[PDB]
Amino acid sequence: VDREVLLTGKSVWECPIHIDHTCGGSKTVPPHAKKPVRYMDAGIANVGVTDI
Amino acid sequence: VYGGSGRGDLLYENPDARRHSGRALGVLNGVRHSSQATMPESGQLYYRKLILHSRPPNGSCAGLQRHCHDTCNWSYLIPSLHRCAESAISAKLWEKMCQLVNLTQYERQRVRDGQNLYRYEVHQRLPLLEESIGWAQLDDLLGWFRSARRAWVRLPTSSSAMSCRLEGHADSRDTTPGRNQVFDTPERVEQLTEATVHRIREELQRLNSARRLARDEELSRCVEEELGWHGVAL
Amino acid sequence: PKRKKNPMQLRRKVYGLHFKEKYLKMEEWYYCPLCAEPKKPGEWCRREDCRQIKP
Amino acid sequence: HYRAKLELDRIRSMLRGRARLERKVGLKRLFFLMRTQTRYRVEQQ
Amino acid sequence: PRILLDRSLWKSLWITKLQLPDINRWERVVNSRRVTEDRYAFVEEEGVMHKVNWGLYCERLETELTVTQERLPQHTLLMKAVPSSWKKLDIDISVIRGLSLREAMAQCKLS
Amino acid sequence: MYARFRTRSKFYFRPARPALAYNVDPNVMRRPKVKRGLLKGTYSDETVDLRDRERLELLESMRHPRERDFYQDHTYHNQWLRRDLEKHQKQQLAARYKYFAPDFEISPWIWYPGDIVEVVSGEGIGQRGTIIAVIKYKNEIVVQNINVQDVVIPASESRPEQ
Amino acid sequence: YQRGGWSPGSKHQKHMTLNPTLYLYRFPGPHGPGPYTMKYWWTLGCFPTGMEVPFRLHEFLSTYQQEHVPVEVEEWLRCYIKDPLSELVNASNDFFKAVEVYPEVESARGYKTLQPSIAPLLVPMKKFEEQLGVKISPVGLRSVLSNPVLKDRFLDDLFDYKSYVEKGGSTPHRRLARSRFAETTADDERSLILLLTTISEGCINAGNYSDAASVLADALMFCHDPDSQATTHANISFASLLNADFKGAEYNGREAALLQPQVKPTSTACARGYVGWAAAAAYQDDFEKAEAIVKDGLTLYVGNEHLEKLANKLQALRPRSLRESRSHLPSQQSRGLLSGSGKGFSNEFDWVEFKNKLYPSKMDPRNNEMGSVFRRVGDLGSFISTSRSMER
RNA sequence: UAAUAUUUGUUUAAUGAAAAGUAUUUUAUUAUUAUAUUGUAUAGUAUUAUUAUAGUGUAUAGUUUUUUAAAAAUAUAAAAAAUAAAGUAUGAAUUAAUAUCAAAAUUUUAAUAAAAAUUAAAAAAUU
RNA sequence: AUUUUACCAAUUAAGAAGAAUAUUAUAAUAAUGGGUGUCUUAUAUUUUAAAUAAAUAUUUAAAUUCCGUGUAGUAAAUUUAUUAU
Ligand SMILES: [Mg+2]
Ligand SMILES: [Zn+2]
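Residue numbers (the UniProt record's numbering), protein chains in the order written: chain D, 420 to 471; chain R, 31 to 130, 140 to 197, 216 to 265, 281 to 306; chain A, 26 to 80; chain U, 10 to 54; chain F, 57 to 167; chain H, 1 to 162; chain X, 11 to 191, 228 to 364, 375 to 448.
These aren't lab readings, by the way, just hints derived from the structure by calculation.
Ideal Cβ placement from N, Cα and C applies to all residues, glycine included.
Don't take each hint at face value.
To be verified - Example chain A residues on the side facing chain F (calculated, C-beta under 10 angstroms, incomplete):
1. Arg28
2. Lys50
3. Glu52
4. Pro58
5. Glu62
6. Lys65
Unchecked claim - Below, a sample of chain H positions facing chain R; criterion: calculated Cβ distance under 10 angstroms:
7. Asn27
8. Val34
9. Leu38
10. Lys40
When you get a sec, could you build the whole thing from the sequences and use the hints?
What follows is the structure, encoded as structure tokens:
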């Protein structure tokens, strides 16, 4: 697809392949799983800060 | 002066201090006395003889058994000077400059960088250029003007960078013997240019099918327009 | 061996005539007048010229 | 212990093959030589 | 670090494409900012030391080295991963040094 | 007895070249960009590597028939187990393939074809162009007549190399 | 136990109960992995141990990704190929410009001067040659650029070819176009055969005869004039005589003869053809036919200074099984230095050629001598092949 | 150590083979008389090891990979005989503080003393 | 001439996506035994028991086979507490 896009010049939006970032490990996790709600986390990121 | 930087080379190689290496100075090869360990006394002529002449031959040196380059030929040196011109100044750029200052700032610096470098390596090659005008050839006498033109440098006959001397006070300047550095460049380039004009007319007097007809039309045409750009006639 | 030999002991073997005769020796040859190959005198080729008259 | 490796490492050029090639061998050779000549110079020559 | 120059190291390695975006360009700290100048090489000219543009200087050096190696009347062949030993091959080489191509090929053919 | 061979002392002692600390070659910022082989005096016209595929038959024409090499079509260990690559080709994979990482796509993606755009850093700096095509998953942009290089289209039955 | 490292590459003795390792047949070493494991890499698909995961990505990008080009693109690419007329013009121009600036060789005294290499000249000429369709000697080119006379001819013939290709059309392209969908040799083509003969003439002075003979083939390819054909065939006769191509000389020797009616009276060509035909006959040891041919030459051409020379030389010189055995000239000695059978290699006992594959001399499909595999073949359970009692 | 040892593929009665727990059969394959389902070829001892273990069942498929141009001594057999050593190719292992080496004799020194001192007279290579 | 004696020498800057969701400690909010190429069935899928423990404690005195053993609520649910892509 790299070669073909380099030739034809078409724009490509979505990746031509699916990437499973867990390397097949997400199937090990039960289907109903969701992360818990964490309160009062440590971090500076939720303060949106542009200049520091 | 043997191993590191020759007569007509373009390197600046500092023989006494090793600035290109990847490792501390472990074993000093030329050594005379065992007192060279803690106080080598390099910098004395008689010990740097022994050190520098024990260095392995470089790509610059071309040691004895190996066949060396024909450098002092004018016919090598002129296209050498010419390949410096296409370095700083690109073809496109050249065209835009040929037309006629509106130029990208970034771009401008390349022109003055061309001028700078060309000045330098003219300084390097002229001790080999002054050797060779004698057997130099009709094309590459003309190349001297072509290459200066392409690098956008006007040659001093009395834009131009070749006229002024680099500033520094004569007490502070480096006068050390054995390093070939000509202190008057604009005075010895000028009388190089005059010489190489005078030799050209010799060979055009010497040179007097359709091949010779067209050739003798064309190069005679190239003389007045190339020498004319540097302000020289005939 | 009871000890490591230095470059000199390694270099001692090349002074010998056995070494020189075995390894660094040039062969004498001429051109086979029938085959034009380089040839040592006394060794021939399988070719019907070179069997009867063996040049 | 100070054996003066880092000064004598610069001398090796005056030693023949096995000593000038490999470091420790050469350093032993130079340590021996210089101690010997020192001793000799002070008491005999 | 209160000012991180890009060619320097912090929790990092020498990743050279990341460290220096442009090899020709040179990065330094000026007036508490990252300020980026053109790299120069110091070269002796008239006995003073003059600054020349580094990039074209270097590429010119390698240019002339390649061309002085090239326009020479020789041919240098390098053969790699030869399937012999070092000692044996050195032995078999030392016969052939300083010979005509004719005698070289003949002595190679006859052993 | 007519040739002259004195044993070279390098085969007796071959210490490895000193390895770099943090890959930092201490003098990069000092010395030129000249290839060290060139300044050393090393040059070659052809480099013929016998580990290449094409050269393979003369690699087998120079060896002796007496030396056997076993396991030509089979292998002592079963090759159908998944076992990982050696590490530096894993590094090649990673450096070549960065866009396989999670969230490599840039958040609320702005660049769409047709926009007029300056090149801020690197080569072609200060050049305005129009976005021709967008390769989104790589975070890459094709800009009109900027970064134009050659593409080699190989020979085949009917065509030459273009 | 353990007089060496704990690595599975390390030098000295190990023991199994202390330093257990599994059986690695050929384990690629610490540095470069060598030609042996690579032999295995290119034949059976991986390294012989089966622990090294075959990773070929770096050549997939080299061969298969590069040739990918889709149909929609490659259906349009040949509509964009360069104009060959223009390419011939440009090639001729810059080749000539590059040849004109070649420095005149300085003549030293007491020692021969090394000619300046033609490095910059290979680049224009390699474009020019296959824009034209004829391969040209580098050696012959340099030798032509040595002699001032040859350089003169080469230069002005290049100039004429240039001018004729700019003002006129390209005649071989004309007669290539009119062929698939007859006339005397055109101006440009005359220029071309002239410069190719010049460069072959230079190719001979340096003593590359095979190449000089190979250059002139295309030279006759471009000549439709019977005068040109006669001269060129003659020239190839001589250039294949020096190459010891005797069937080639005794082929091309007689066409140059066959053209004698329709070639002008002002030609030396046909006589040269006689000389070559005769000389080739002479070199193969048939002297009678040689003298017969020179007799014919002096019959038809009366006195001829080359046929004088060859009649009296033959005269001075004056079994079928032993003919053309002798090695009479040095170029086949040169060709015998290469391509010969030496002790231990390139003989019939090392590797034998079969259908473009290498074999050991044990399986030699043209030979059943002792040690050969085909002696062990048996009778294959059908009929008894030979009356041999014990073996086979 | 190591221009070393080893290897070295010019003629087969290993007939057979379930107990091997590894080896991309691309469709290995019935024509059945039988029904569904399932499954057929080379890795025991770290090896393509000295060479397997055991149960079938049978006797004319020769059922088809072992280098080499002298002699000592070692190994068999009858100091004779058979075998093996300059060889092209592959290429390990024990050992290694050493200076280009350390040869001969005499005494001494805290126990051989290649430690001293003195006289002396050890060339190189190969076996 | 057929032939330029025998012997005697080093120590290398490094050509390059062939070193990063990298190693180690650090997060006092989750936590029935993680298993993807998985997928009827559970007669055959049971781990419980008052103790020193996946729960780990702010002094030098006294006294005890005289000679190796020793500090008690700090606040009563109070903020030393087994955290984590
Ligand atoms: Mg690296
Ligand atoms: Zn022959």
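Consistency of the hints with the structure:
The restraint placing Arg28 of chain A at the interface with chain F is violated, with a minimum CB-CB distance near 21 angstroms, outside the 10 angstroms limit. Nearest Cβ of chain F to the Cβ of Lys50 of chain A: about 8 angstroms, under the 10 angstroms cut. The hint holds. For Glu52 of chain A, the interface hint holds, the least distance from its beta-carbon to any beta-carbon of chain F being 5 angstroms, beneath 10 angstroms. Checking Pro58 of chain A against chain F: minimum C-beta separation of about 16 angstroms lies over 10 angstroms; hint violated.
This hint holds: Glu62 of chain A has a C-beta 8 angstroms from the nearest C-beta of chain F, less than the 10 angstroms allowed. Look at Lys65 of chain A: its Cβ gets to within about 7 angstroms of chain F, closer than 10 angstroms, so that hint holds up. Interface restraint check: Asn27 of chain H against chain R, minimum CB-CB distance 6 angstroms, threshold 10 angstroms, status holds. Hint status for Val34 of chain H relative to chain R: holds, with the closest Cβ pair at about 8 angstroms, below 10 angstroms.
With a cut of 10 angstroms, the hint placing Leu38 of chain H at the interface with chain R holds, because the nearest CB-to-CB distance is about 6 angstroms. At its closest, the beta carbon of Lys40 of chain H sits 6 angstroms from a beta carbon of chain R; the interface hint therefore holds under the 10 angstroms criterion.
The structure is inconsistent with the numbered hints 1 and 4, although it conforms to all the rest.
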